[PDB]
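Engineer: In case you want the letters, here they are:
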Amino acid sequence: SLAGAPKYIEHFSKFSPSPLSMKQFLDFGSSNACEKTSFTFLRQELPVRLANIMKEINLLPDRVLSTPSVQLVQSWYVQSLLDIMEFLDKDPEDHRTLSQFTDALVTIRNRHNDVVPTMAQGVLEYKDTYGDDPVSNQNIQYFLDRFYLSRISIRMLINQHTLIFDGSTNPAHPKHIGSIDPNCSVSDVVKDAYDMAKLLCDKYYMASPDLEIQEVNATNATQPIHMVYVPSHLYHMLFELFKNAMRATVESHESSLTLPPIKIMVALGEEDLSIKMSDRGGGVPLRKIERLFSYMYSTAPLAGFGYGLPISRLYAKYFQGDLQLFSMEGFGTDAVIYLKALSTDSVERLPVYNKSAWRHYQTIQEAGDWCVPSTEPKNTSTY
Amino acid sequence: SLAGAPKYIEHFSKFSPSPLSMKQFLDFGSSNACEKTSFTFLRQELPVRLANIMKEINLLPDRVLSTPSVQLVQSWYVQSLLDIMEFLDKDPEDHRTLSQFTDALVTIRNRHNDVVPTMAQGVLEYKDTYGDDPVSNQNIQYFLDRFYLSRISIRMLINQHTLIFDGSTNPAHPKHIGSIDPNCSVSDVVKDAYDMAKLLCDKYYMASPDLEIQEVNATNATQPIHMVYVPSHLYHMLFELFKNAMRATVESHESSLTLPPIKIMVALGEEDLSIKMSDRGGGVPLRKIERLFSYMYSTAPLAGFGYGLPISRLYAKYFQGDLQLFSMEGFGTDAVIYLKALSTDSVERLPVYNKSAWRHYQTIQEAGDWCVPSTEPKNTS
Amino acid sequence: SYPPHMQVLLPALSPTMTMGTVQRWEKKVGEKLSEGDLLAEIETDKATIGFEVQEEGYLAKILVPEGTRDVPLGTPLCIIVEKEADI
Amino acid sequence: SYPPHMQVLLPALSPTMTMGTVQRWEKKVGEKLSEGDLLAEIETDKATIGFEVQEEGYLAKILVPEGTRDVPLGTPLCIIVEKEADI
Ligand SMILES: Nc1ncnc2c1ncn2[C@@H]1O[C@H](COP(=O)(O)OP(=O)(O)NP(=O)(O)O)[C@@H](O)[C@H]1O
Ligand SMILES: Nc1ncnc2c1ncn2[C@@H]1O[C@H](COP(=O)(O)OP(=O)(O)NP(=O)(O)O)[C@@H](O)[C@H]1O
Ligand SMILES: [K+]
Ligand SMILES: [K+]
Ligand SMILES: [Mg+2]
Ligand SMILES: [Mg+2]
Numbered sequence: 012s013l014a015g016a017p018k019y020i021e022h023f024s025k026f027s028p029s030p031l032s033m034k035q036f037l038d039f040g041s042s043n044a045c046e047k048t049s050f051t052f053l054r055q056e057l058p059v060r061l062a063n064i065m066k067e068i069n070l071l072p073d074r075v076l077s078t079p080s081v082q083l084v085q086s087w088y089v090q091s092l093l094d095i096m097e098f099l100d101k102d103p104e105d106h107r108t109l110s111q112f113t114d115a116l117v118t119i120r121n122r123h124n125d126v127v128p129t130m131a132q133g134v135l136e137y138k139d140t141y142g143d144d145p146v147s148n149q150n151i152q153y154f155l156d157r158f159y160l161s162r163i164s165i166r167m168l169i170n171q172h173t174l175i176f177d178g179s180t181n182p183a184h185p186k187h188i189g190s191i192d193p194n195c196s197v198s199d200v201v202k203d204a205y206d207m208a209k210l211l212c213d214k215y216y217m218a219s220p221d222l223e224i225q226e227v228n229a230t231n232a233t234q235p236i237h238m239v240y241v242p243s244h245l246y247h248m249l250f251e252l253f254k255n256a257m258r259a260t261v262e263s264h265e266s267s268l269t270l271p272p273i274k275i276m277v278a279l280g281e282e283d284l285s286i287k288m289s290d291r292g293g294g295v296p297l298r299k300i301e302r303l304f305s306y307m308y309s310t311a312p323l324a325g326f327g328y329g330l331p332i333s334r335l336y337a338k339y340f341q342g343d344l345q346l347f348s349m350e351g352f353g354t355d356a357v358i359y360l361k362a363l364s365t366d367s368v369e370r371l372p373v374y375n376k377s378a379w380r381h382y383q384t385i386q387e388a389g390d391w392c393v394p395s396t397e398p399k400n401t402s403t404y
Numbered sequence: 012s013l014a015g016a017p018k019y020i021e022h023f024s025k026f027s028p029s030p031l032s033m034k035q036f037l038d039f040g041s042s043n044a045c046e047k048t049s050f051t052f053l054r055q056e057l058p059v060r061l062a063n064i065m066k067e068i069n070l071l072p073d074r075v076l077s078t079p080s081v082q083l084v085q086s087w088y089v090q091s092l093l094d095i096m097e098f099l100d101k102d103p104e105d106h107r108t109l110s111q112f113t114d115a116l117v118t119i120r121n122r123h124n125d126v127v128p129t130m131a132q133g134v135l136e137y138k139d140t141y142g143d144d145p146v147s148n149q150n151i152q153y154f155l156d157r158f159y160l161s162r163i164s165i166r167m168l169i170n171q172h173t174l175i176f177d178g179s180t181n182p183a184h185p186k187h188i189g190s191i192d193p194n195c196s197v198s199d200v201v202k203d204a205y206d207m208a209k210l211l212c213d214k215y216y217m218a219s220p221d222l223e224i225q226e227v228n229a230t231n232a233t234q235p236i237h238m239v240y241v242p243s244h245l246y247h248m249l250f251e252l253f254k255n256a257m258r259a260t261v262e263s264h265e266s267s268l269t270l271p272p273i274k275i276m277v278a279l280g281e282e283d284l285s286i287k288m289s290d291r292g293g294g295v296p297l298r299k300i301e302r303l304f305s306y307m308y309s310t311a312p323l324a325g326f327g328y329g330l331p332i333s334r335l336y337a338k339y340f341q342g343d344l345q346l347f348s349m350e351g352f353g354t355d356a357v358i359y360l361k362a363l364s365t366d367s368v369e370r371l372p373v374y375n376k377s378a379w380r381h382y383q384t385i386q387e388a389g390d391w392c393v394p395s396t397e398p399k400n401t402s
Numbered sequence: 128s129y130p131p132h133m134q135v136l137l138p139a140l141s142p143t144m145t146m147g148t149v150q151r152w153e154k155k156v157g158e159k160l161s162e163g164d165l166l167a168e169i170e171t172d173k174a175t176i177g178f179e180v181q182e183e184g185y186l187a188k189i190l191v192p193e194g195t196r197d198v199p200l201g202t203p204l205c206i207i208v209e210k211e212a213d214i
Numbered sequence: 128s129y130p131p132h133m134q135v136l137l138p139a140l141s142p143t144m145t146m147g148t149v150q151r152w153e154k155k156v157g158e159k160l161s162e163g164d165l166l167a168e169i170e171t172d173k174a175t176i177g178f179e180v181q182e183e184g185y186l187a188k189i190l191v192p193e194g195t196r197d198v199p200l201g202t203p204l205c206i207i208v209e210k211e212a213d214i
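Residue numbers (PDB author numbering), protein chains in the order written: chain B, 12 to 312, 323 to 404; chain A, 12 to 312, 323 to 402; chain D, 128 to 214; chain C, 128 to 214.
Quick caveat, the hints were computed from the structure, so don't treat them as lab data. Hints are supplied without guarantee of correctness; some may be wrong.
Some chain A residues well away from chain B (every beta-carbon gap over 10 Å; in silico) [what the hints assert, rightly or not]:
#1 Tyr19
#2 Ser32
#3 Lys34
#4 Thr78
#5 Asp100
#6 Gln152
#7 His184
#8 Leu210
#9 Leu371
Sample of chain D residues at the chain A side, in silico, Cβ under 8 Å [claimed, not checked]:
#10 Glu153
#11 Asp164
#12 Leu165
#13 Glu170
#14 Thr171
#15 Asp172
#16 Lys173
#17 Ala174
#18 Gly177
#19 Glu179
#20 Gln181
Idealized CB from N, CA, C, for every residue including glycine.
Between the sequences and the hints, there should be enough to build the whole structure, so can you do that?
Structural biologist: Here it is as structure tokens:
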């Protein structure tokens, strides 16, 4: 019941979300992936993940909350909570209850399909009024990484259930366990992502850098590098990075014609799988690197919006990896996706509401930790 | 008076240190640098910098303070403060007062020569007892980056003064303005740093990798890359990085006359001067990178101590630069030094003690705002 | 001044959690407890949750030591009294 | 009767500093002031400094505007009242 929504939130937000390993996902979709145990798990966990993050939605400045776009996703989360909550006391071992559960998840996924651009519009709507505010910046930034990561994990869980149980029969990948490829060809995903970005590049500039691909398997000298991953997550990251590198290469070669290739390095160690994308696209000054992962910086008032970088990083952070950038202004840039090599180490990174999360919101403006130089420095030159 | 030392701290700790640009250092040692203004400045500024950091020393846990070594340097910082204060009411324009001032700076520089191994000894003697706890560990790390960066700055001011105003008959160079080279050949510093490192390596392993350099100047396609800098600082960083690179390169090939070279890439744009050092020394797992800049981690219980990385990064940070490490486990590692390209942007990076600095020592164990998984994750099969 | 104290019972940190392992006491005997601090680390088979202090006071005794496996719900773990005159 | 007000005189932030520029106000009229908070930015010829509050109260009125160049020491900058009953 909609009236009781705030107490459902208070109930489930008290609980801690349950992070899963890729080993756990994979081992579950074994042979007799037990729909009963997937339903009963999700019936509980999804509300836990929803309530936790909604608790944090309610903690952002009222100037952001008031915007139509924010509230539009707030309304989506409230409904999703309820649609799922109408299953809590339903009976497993009944195919009706299970079948209409996956239907409900399909609807939730269709409902939440535009969450990314819509939350981005709310920040834009915030930017088209109060503008900038240091303390407000921090809170929105802290919130967005968490919100978006919470989202990816919710998508994950939903897709796993739907792809396995009979929201498929023909259209999927009859080798994947859900969205998970146990023998994912890292190189093929690199080539796929390159193909699309190149295509978009040629159809927006008429010029394009080539691809150079190299591999170093330090675990087995000769072996092509494969891993247990979600190829679409991987695809998203590389597709995005590729586009950034392609724009940069073409735009910084105003005198050119003779485009320096984008070089890819795939390394595998005992613990890491590293993918380095190198470009000779003129680089970015160091003080601007940090800005590039800011949501409030890359938005106004191949290159679409300005959320490709922060979001790709979240994809990489989701299974305990990272995406780091290091340019050299005047030469080019290196972007690096870091992934856990082992499916045991590939554990969900999930935001958690608690006193610790609460205090990251509503924080004060502090005095500088280090010296701040004067704008007009004292001229110490002689007579 | 020694007895009145605690109030001298509280007086000067209240003030803010004064960050200087490299342009300012260069304009002072313009034509005829004036020892008066250098005197009247340092006479006051050095108390300030001493007092600020000293106030932070007495905020780290009693368990670290009680150790002979931390307390040994504490007593040095006490003395240098009083020595410099003995000049406060002194008369400028009187050559005797100036001449004995630089001598006091020489004395203070010698007193403080071995601050780095000593503070490292204290933390070691601390690890020899209480060992580990996150609340103590975090404070020490926060303190040490600040303490060491502070020292570099005090040694900078003392080195500027003495080089300029002491011993006119020639060591030094001195196309340099103190320790600052207005036209510093980045490449040469790289070659020099490589030569010393290749020497140490070639005799502690009897094998070393070659060097390759490449420069890309975006401001002036042809021109060799130069900058206003302190060659020592630059050399220190590169030297330290070369050692790491050579060790790992040699120790990963564990069977080679076919060692892959260390590659250097020097780039200059409108704002950054960037030096990338690539080696194929087999790399480090990512979870271990952040650990390489920890003071407590690289100390137990060619490759000497463990403070090479953290300290070199502080040199890089001291004039608004950085030192970033990124590897690929099983391949190699890139290490990047980032320096501002303009002497106007190369401003001193100094810790201020204030209420904001106070609360960084006064925090406690919180829960994480992220989910920590179970150590025995539920069997899903 | 002989009061009825405040009791610390193990709650459901996960909705289907019926028992939990008391991993790591982050507060020792005779410590200050402000509403919100990290009291201990509680680990189930699904998560490792940081158990936070709800009611203000001071920790006087611990009923369940570090490393005790499978402690059920509603189980007393430690005692809270408002006054620090118990040390 | 006069409300128990606090006054904020400009201090020397450098030991030789006798006067300084008031860069910008980081706390507007009517705001609470917990000890530690960044009140304003003060810029001299040697440094820009974050000026912090020392006693609790509220911002009542600004006496010296933003951008005001070279204000001598001991000069009042704003009035602080310990009570909320001024808004
Ligand atoms: N390889 C690169 N070289 C130079 N600049 C880059 C590179 N990658 C990113 N940037 C800069 O960082 C920003 C890219 O951030 P990003 O989040 O990818 O948004 P976007 O590429 O502008 N558009 P989109 O990703 O489609 O939303 C751009 O403004 C670029 O100036
Ligand atoms: N280029 C590199 N390749 C692989 N490992 C590295 C590299 N650089 C640093 N490391 C690791 O980081 C650790 C710390 O390095 P560093 O701080 O330079 O101290 P150190 O090399 O151990 N000896 P010292 O420099 O005398 O203190 C090293 O022991 C290496 O394991
Ligand atoms: K929670
Ligand atoms: K200070
Ligand atoms: Mg992009
Ligand atoms: Mg070293």
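Engineer: Each hint needs a verdict: does it hold in this structure or not?
Structural biologist: Status of each hint after checking the structure:
In this structure A/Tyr19 is separated from chain B by more than 10 Å, as the shortest Cβ-Cβ distance comes to about 21 Å. Not every Cβ of chain B is farther than 10 Å from the Cβ of A/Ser32; the closest lies at roughly 6 Å, contradicting the non-interface assignment. With a cut of 10 Å on Cβ distances, A/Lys34 falls inside the contact zone with chain B, its closest approach being about 7 Å. No beta-carbon of chain B comes within 10 Å of the beta-carbon of A/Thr78; the shortest separation is about 26 Å.
Against the 10 Å criterion, A/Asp100 stays outside the reach of chain B, whose nearest CB is about 24 Å from its own CB. With 10 Å as the threshold on Cβ separation, the claim that A/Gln152 sits away from chain B holds: the shortest Cβ distance comes to roughly 14 Å. Interface exclusion of A/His184 from chain B stands, the closest Cβ pair being 21 Å apart, more than 10 Å. For A/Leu210, the condition that its CB be more than 10 Å from all CB atoms of chain B holds, with the nearest at approximately 28 Å.
Here A/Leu371 does not stay apart from chain B, with its beta-carbon only about 4 Å from theirs, under the 10 Å limit. Checking D/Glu153 against chain A by beta carbon gives a least distance of about 5 Å; that is within 8 Å, so the hint holds. Interface restraint check: D/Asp164 against chain A, minimum CB-CB distance 7 Å, threshold 8 Å, status holds. Hint on D/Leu165 holds. Least Cβ distance to chain A is approximately 5 Å, under the 8 Å limit.
For the restraint placing D/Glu170 at the interface with chain A, the shortest Cβ-Cβ distance is roughly 6 Å, inside the 8 Å limit, so the hint holds. Restraint check, D/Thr171 versus chain A: the minimum CB separation of about 6 Å is within 8 Å; hint holds. Interface hint status for D/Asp172: upheld, as the beta-carbon distance to the closest one in chain A is roughly 4 Å, under 8 Å. Among the interface hints, the one on D/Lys173 holds; its C-beta lies about 6 Å from the nearest C-beta in chain A, closer than the 8 Å criterion.
Interface hint status for D/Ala174: upheld, as the beta-carbon distance to the closest one in chain A is roughly 6 Å, under 8 Å. Against a cut-off of 8 Å between C-beta atoms, the interface hint on D/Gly177 holds, since the closest Cβ of chain A lies about 3 Å away. The beta carbon of D/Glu179 comes within 6 Å of a beta carbon in chain A, closer than 8 Å, and the hint placing it at the interface holds. Violation of the interface hint for D/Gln181 is found here, the shortest Cβ-Cβ separation to chain A being roughly 13 Å, above the 8 Å cut-off.
The structure does not agree with the numbered hints 2, 3, 9 and 20 stated previously, though it agrees with the rest.
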